[PDB]
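Got a structure here, written out as C-alpha cells. Questions coming.
Some chains have been omitted; the remaining ones sit where they do in the full complex.
Going in written order, the chains are labelled A and B, and every chain counts its residues from 1.
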Amino acid sequence: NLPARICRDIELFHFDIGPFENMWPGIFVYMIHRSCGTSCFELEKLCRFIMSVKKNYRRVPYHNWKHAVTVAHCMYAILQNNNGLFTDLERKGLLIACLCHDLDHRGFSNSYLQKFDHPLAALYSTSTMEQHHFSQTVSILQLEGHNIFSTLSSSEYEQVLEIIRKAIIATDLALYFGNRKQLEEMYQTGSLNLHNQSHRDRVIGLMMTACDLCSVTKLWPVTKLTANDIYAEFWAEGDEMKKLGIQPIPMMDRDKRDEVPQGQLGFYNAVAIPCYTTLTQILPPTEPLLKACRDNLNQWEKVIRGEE
Amino acid sequence: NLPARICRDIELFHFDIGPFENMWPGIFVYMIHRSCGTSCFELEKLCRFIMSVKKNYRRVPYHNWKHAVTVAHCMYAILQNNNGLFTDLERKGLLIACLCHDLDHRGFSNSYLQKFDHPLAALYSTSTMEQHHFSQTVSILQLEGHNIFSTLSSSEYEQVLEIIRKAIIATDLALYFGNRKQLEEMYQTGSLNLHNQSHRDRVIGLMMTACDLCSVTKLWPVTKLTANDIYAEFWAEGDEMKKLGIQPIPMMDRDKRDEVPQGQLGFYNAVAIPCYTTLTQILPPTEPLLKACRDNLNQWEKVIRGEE
C-alpha cells in the first residue's frame, strides 16, 4: 500500500508526512496497525473516524489536519523506540489523542478567547481550547458507525477516554512548565517511578508536548517553513487583539516580524530544549529529537548573526 | 446565549463582530429580536434563511459574509439610537436588506461588469450588481422553508420587499452623490419631511450608505486592516481590467499602491465625511459615526506625513 521510501523513513523521528493529504490517513492507519497490530481496530470504522476528524479540522495555516498527523507520527516514533514501556490501550489512546488534540482549532490561543469573552471560555475556564478539542473527540466517537472502541469493554473504554482526555489537556503549553519542573525534580532525586500512575501521567503529558512541538525537531528546511505558518497565526491573532483595543504581545505583532529569530531563541531556550532534554533523560531513545532541536537552535543563531 | 462583552459592546457604533463566523448568525438574530421583538420571526425559518444567505456570499476579501453582518450591525446601532422614527416593517426590511445587500458579490464593480460585457449588465443596465443582489434575496426567500415573511399579509409582504429593494439599490454608491445632494438641500431649506415617503426613502438610502461604508467609523486598527481587504479587491479588478486591454483607474492599479493614503483622503473628503455629516444633521444620535470618521481621516493624514 504505502511507498517504499515512506516505509523506511516513517521510522525516522524527523520524517515529514509530505504534501499529499490523501496519503496521510493511510500513514496513520499503518502507524496504528504497526503499534497495536492489525487486529484491534475495525478498518471501516477507523477510516470513517479518521475522515470525520479530518473534516472537523479547519483550514488554518498551522493548527490543521497536517499538524495533527505530524504530531501523531512523532508519538509513533517515540512509542516505536520505547517498546514494552507502554500498554496496548495507552498506545491506542495516545495515537488517537494526537490525531484529535487540535480538533476545531481556529488559530487562536486560549488568551484571545478569554479576552474575546468567547462562549467556550465560559464553559471551560482553564485549558479552554484543549477541553473543547476533547469534547469534539467524544462527539465524533458518538457518531453512528464511528465508535472505534466498540470492541473494548466498558472499563477499557473509560480508561482509554481518560488517557485521551489527559493527553489532549497536556497539549496546553501553560501546563507544560509545571509538569516539566516536577518531572525534572523526580528525575534528579531518583524518585521518578513509571509504575506510579500519577508519574506516568506526567511523562505522557511531556511526550505529548514533545510531539506537539516536533516541528522544531525536523530538518532545517522543514522547521524554517513551518515557522512561517506558526507566525501567520500569531500575527492574525495580534490583529484581532488590536481590533479589541489591546496591544498584543510582540510575538503576535506583525510590525515586529523582524524579531522572529529572537523570539525563536527565546522559545527554544525556555521551552523546546528543556522539554526534549527532560524527555531524553526519561526516555533515552528519544535523543534524536533533542539533537535535531539543538541543531535548529544553531540555525536560528546563524540567522541572527546574518549567516541565514 | 451571547457573551457578556458582546451584549455590552454590540450597542456601540464601532463594534467589531469578531473572527468567529459561527457567532455572527446569533449576533444577527439577537439584533433582529431586539429591534422587532422575539415574536415576529419564526426562529427555525429565520436561521434557515440566514444560513442560506451566508452560503450565497463568496469567499472574496471584503464584500463577503462578514461585511454583510458588519453592515447589518451598523443599521442596528442607528435604529437603536433613533427609537420611534422607523416602523416595525422598516426595521425588519432594513436589517434583512443589509444582510443581503451584497449577495453573490464576486469582488467586481459595476463598471468592470459593463466593460466585460457581463450578462448581468445586459439584464440590469444600471445598478447592475445591486439589482442582482435583490434578485438573489427574492430567490432565497422563495426557497421551501425560507419565507421568513409568511406571517405578514400580502400587502406587508409587498411593502417590505419594496423597502428591501430600494435599500439594496441605494448601496450603489453612484446613487449616493445625487441622493446626498438632494437631502442636503432639503435640510438647509428646512423642507425635509420624514412623513414624506419620497423623503424617507432618501434618508433610508443614506442610512444604507452610512452602514455600507461603516468600516471608516471603526477604531483605527479595524479600519486600517479592512482597508487591505478593500484594495485587495480593487487591485484584482485592475488586473482583470489590464487583461481586457484597459488601463484601470489608479485606485485599481497595484503598481500605484504607494498612493493608497491619498486615495483614502480623497474618499473620506468626497464621500465618507459628507455622508456622516448629512446623516448626523438628519439623525443627531448618529454623531459617533461622524466622530470616528473624522478620527480616521486624521490617522490617514498622520500616515501621509510619515507618522503612520
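The definition used in the following text is that a residue touches a chain if its C-beta (ideal position, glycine included) is under 8 Å from a C-beta of that chain, and two chains touch if they have at least 3 such contacts.
With respect to copy number, the whole complex recorded in this structure file holds 3 identical protein chains, 2 of which are shown.
Convention: only the chains that are shown with their structure count from here on.
Of all residues in subunit A, only 106, 108, 116-119, 122, 239-240, 242-245 touch subunit B in the complex they form. Every residue of subunit B that touches subunit A in the complex is listed here, in rising order: 3-6, 16, 18-20, 23, 219, 221-222, 225.
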